[PDB]
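As you look at this complex, bear in mind that one protein chain is not there, while each of the others sits in place.
Order of writing sets the chain letters: A, B, C, D and E. Residues in each chain are counted from 1.
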Amino acid sequence: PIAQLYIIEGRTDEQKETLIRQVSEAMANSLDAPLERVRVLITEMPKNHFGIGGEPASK
Amino acid sequence: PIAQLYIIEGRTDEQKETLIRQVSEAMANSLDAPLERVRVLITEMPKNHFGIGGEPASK
Amino acid sequence: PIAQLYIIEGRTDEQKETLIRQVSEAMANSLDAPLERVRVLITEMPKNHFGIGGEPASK
Amino acid sequence: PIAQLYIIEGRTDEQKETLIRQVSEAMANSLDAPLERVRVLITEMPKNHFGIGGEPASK
Amino acid sequence: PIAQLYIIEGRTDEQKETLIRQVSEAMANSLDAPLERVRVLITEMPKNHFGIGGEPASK
Partner (left out) sequence: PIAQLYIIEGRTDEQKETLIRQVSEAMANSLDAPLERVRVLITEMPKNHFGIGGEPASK
């Protein structure tokens, strides 16, 4: 199982690392899959590459 | 934030429901983000659509 | 440019053709790209493969 | 409904905001979905990251 | 390294298996990565989920 995470810019290296850990553990546990098999991809983007109801996340 | 999960077929609806809850609570805690803005997408595929070291997961 | 569209099941083939046409015009106009080079991909999923703040869209 | 847009580097922030607004409109209108529930993701790449018949776009 | 392949429905089981193999091989060679670490996902869609210049591929 592979997870691709789309997050807006601005997180520390530490938060991103925690995010990889905790999301992998949630998948392993929910899917009944060995943790070593899980892959996690973070896809970061600037705040104005994210649109909400027709408006840029940066508003 | 948004998560896209690529999983192989075979999980029950209630198993998929756990998966959505638990990955979402993972993202909300890691990022310090509101759980209500988390979106999760499940991309499910046949076992032979997943390749591992050059070989179908279906061996 | 390419658009990948993540939509829930339930729409007819002609509502999906309208969707391809209107997003394609939207991209060509905004980006000033020839309409002929725009590619659109529709990634359709069950309602329960879509989680909204920890809950499947189906609910 | 969510749209992920793959575009080549080079546009201004005002062109990206227009793309977000118009693509969100087209999706709301084509799918009969509330405009406020539409999410758009822009995934921008360098020209040499896009290949056409085996060659980079940048050629 | 991971590859997500978006192909239109209809290819045989043997063709998809070949596709996975040959793609995996191409990534391992070019990137100088062990073939065992390569992961390949196939995302298959109906011919009318593919839009070329504002029109369904199916036409």
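By our rule, a contact is a pair of C-beta atoms (placed from the backbone, for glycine too) under 8 Å apart; a residue touches a chain by one contact, two chains touch by 3 or more.
In the complete complex, the residue from C:2, C:45 or C:57 that touches the missing chain is C:2.
For chain E, the residues touching the chain absent from view are 1-8, 11, 15, 18-19, 21-23, 25-27, 29-31. Residue-level contact of chain A with the missing chain is found at 13, 16-17, 20-21, 23-25, 35-44. On the side of chain C, the interface with the absent chain consists of residues 2, 39, 41, using the contact rule stated above.
Everything below uses one rule, namely that only the chains that are shown with their structure count from here on.
Counting partner chains per residue, chain D shows two or more touched chains at residues 2, 23, 25, 39, 41.
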